[PDB]
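As you look at this complex, bear in mind that one protein chain is not there, while each of the others sits in place.
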Amino acid sequence: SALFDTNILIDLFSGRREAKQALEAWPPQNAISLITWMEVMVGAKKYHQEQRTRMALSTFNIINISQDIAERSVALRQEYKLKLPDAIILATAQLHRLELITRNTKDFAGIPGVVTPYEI
Amino acid sequence: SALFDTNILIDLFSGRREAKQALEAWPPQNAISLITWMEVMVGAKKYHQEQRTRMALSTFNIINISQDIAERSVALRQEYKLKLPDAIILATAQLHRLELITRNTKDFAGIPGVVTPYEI
Amino acid sequence: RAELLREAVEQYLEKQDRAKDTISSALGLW
Partner (left out) sequence: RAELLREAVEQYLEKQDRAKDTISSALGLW
């Protein structure tokens, strides 16, 4: 019932228990952006886990970028002064009515529908 | 019969005749990535042209990101040492068998299927 | 009966334990 940003997934695969508890705090049918998928899969190749990381990611609902999301991303970038991939993920969460779970307080604080589960 | 990178389109809308001649050098049914669409539309809002820029962009074939493109983008990033949005656009061009027309020599030189039409 | 309940409880957990299995296997994978 929630969308997860790249940073948490990276933390998970990197062995942070904090990330494990972030995912467990939300019910299955958890979603990620196709961007997050690509960003994570890049790390999988570097650490040579590509096959097993893919099977783990495939348990997530993986949301591609519609033009709905494209339109919203453009708007959100101006409104919230966001980097574009941040905007696309935020747009993805909004249109599917999901809460955005992210470690980024800097950019996303003060934006409704955003939850920062942990810091360090 | 070709895919155009963001920089040329930005140049066009910015009144560079060099960009006009780049587009004219290639036949209609020219394509752009959905990324390029978003990057350009961001500029349209800043300069308040959003409506008219959209009608111009709609003449392009606008290719969204399939998982084919997602897979290829990941691979190309490692191989060619590319920034990810560069990789996605290159992946988009390859899978649709289009030449990539771009002002970026720095990143894309030595990669087949890439044409740099002009410098300055 | 219900008994429609309790077959709600499962399948309701797992789901929540492939999830736990997916997550736990994913932790420190790299």
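Going by the order they are written in, the chains are A, B and C; count residues from 1 in each one.
Convention: a residue touches a chain if its C-beta (ideal position, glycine included) is under 8 Å from a C-beta of that chain, and two chains touch if they have at least 3 such contacts.
Only one of B:59, B:67, B:78 or B:105 touches the absent chain when the whole complex is considered: B:59. Looking at chain B, the residues touching the absent chain are 12-17, 19-20, 23-24, 27-29, 43-44, 47, 49, 52-53, 56, 59.
Definition applied: only the chains that are shown with their structure count from here on.
Centroid to centroid, with C-alpha atoms defining each point, chain A and chain B lie 26 Å apart. If you average the CA atoms of chain B and of chain C, the two centres end up 44 Å from each other.
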